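A.B. asks: Just need the whole structure built from these sequences, with the hints factored in.
Number of protein chains: 2
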Amino acid sequence: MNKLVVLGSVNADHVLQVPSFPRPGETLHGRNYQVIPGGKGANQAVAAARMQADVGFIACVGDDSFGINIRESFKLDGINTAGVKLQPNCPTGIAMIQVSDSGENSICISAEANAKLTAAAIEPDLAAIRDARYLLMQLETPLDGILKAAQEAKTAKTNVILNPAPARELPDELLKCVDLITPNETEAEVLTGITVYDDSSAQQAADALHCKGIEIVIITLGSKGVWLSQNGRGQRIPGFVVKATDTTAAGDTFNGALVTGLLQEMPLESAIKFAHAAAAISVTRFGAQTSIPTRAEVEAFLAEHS
Amino acid sequence: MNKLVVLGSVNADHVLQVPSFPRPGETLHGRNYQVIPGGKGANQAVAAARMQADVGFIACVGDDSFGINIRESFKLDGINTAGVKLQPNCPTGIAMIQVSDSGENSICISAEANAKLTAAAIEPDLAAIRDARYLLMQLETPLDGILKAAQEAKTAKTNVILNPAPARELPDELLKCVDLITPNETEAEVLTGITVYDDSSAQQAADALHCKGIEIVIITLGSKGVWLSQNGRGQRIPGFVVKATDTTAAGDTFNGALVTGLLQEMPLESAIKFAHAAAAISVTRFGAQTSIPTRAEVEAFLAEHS
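Chains as they are written, first to last, in the working numbering: chain Y, 70 to 375; chain X, 70 to 375.
Note that these hints are calculated values from the structure, not bench results. There's no promise every hint is true.
Which copy is meant is left open, because identical chains are indistinguishable; a pair holds if it fits in one copy or across any two.
[As the list claims (entries may be wrong)] Taking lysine to any residue pairs in the SDA-like style, the calculated list, with each CA pair at most 25 Å apart, reads: (1) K154 with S134; (2) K312 with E95; (3) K293 with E95; (4) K185 with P88; (5) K154 with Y102.
C.D. replies: In structure tokens, the structure reads:
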């Protein structure tokens, strides 16, 4: 059997470059069309697996031949595709982003197949949920599904991780079942109502978060730190003075790596440096699944910086 | 060697219902995304194949898990996949059609493989174009690709029909090589300067075409019917007492069937009627390249009316 479990949303991002934004009536001729596999659960697991983790994936994809072009694409990169199930006649999720590239980006996102990640949808995967040492999830899947996964674990012990991305709002009864949380400043706020900008206010979030049954709270503060708190012990990790590049996974690899730390007996602070490496290497990289570096890398990088 | 030859585009239509017209900044959670096979050049050759004709297709697709599956899909519909030149390291051509649930639409067109079709790319296809009796083509692929196709067709006594879709302004040198023309209200002004809305105005635009070397001029106006102007000796034709819902493949079925008619020796006057049926049956079906009826279906339909 397996030891790491990702529970999340695979989805293809349809990219096309246009000369300007749209408007009602006419049509735009586009250029450089590409499809980049994406979606948190898919990133935060290919992120893991490349660091050799003993990882399993729980996600829902469609039968639109791509949906199958990903169930292997995964399976090769280490990952156990057992709990990634094919939804019949539903496509895997999508993003239609017409580009500015003249300004900002118009994103139109569907959830399609990702909407089948429900309570009854992973009753067979609970086996793996319990016998696993960890569990990783983000909020691109329905809570109804994100929930049974958490609850099945806690009762039969397993630390549970939640990326609050993409930002929304959660019920208390759930955050109690989380043994961490790695929000981002602009998200993090919506979970409590505390605009994070400096060290002292960065602390108020945690306790407010902590107070909801959460042991560890690591709010990414982006270009400068990783606010860590183990029951209130707030800190700071100055990240990496490097040469940045695109957004992409970054917070997907980061969170993807942090869990790769914890499995190989690292203490958190040891991992957060490790994570921030991946979050520092592949941010000179770009794309999505194209960014993510290997163990050989990050470990080498850690050495190259001292 | 096949009797009818179609030259035109291929599309993939990425339609996803949007609930609010896209704007800058933030995203959107649309629903019910479908991938609907398309492209003018492609509807019409599929239209043709549905009316049991001898059709071959000359078009460009891509490596895409579509551009291959579509070519295999063609044959199961009886198509000469000869000239279906494929494209290495390139996606096909696409239409990103955002609904608005409602208000207005956002169709967004991408170039891609519908571009390789240049004068030079159809050279071994003269073989097909010359000995064939008809040539059907539209305006969604490169201009210099058609320009050569029309002339060697004419010089090889092969009839050429030009669907000027989508509407654009064209040079001479080519219009001297057309044997028949199929525009609408919107198409005429871009080539004859006439705003054409009724019988007196419809005779005048035509002439300009006539003055540009075009004999048979068929200006179709979906709702009100078609104005033919076969050398000035012209008339008005009521296309069946019907509607138009997915006019997408409507004027595509019209064009596919009309040439399918003329090919079976039908008189000009009778084939325009023939198409008018299939369009009238096509327009009542939801969907785009799925809104196309079978021959028996159209033929039987004809009996039921008069």
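A.B. asks: Sort out which numbered hints this structure fails and list those numbers smallest first.
C.D. replies: none
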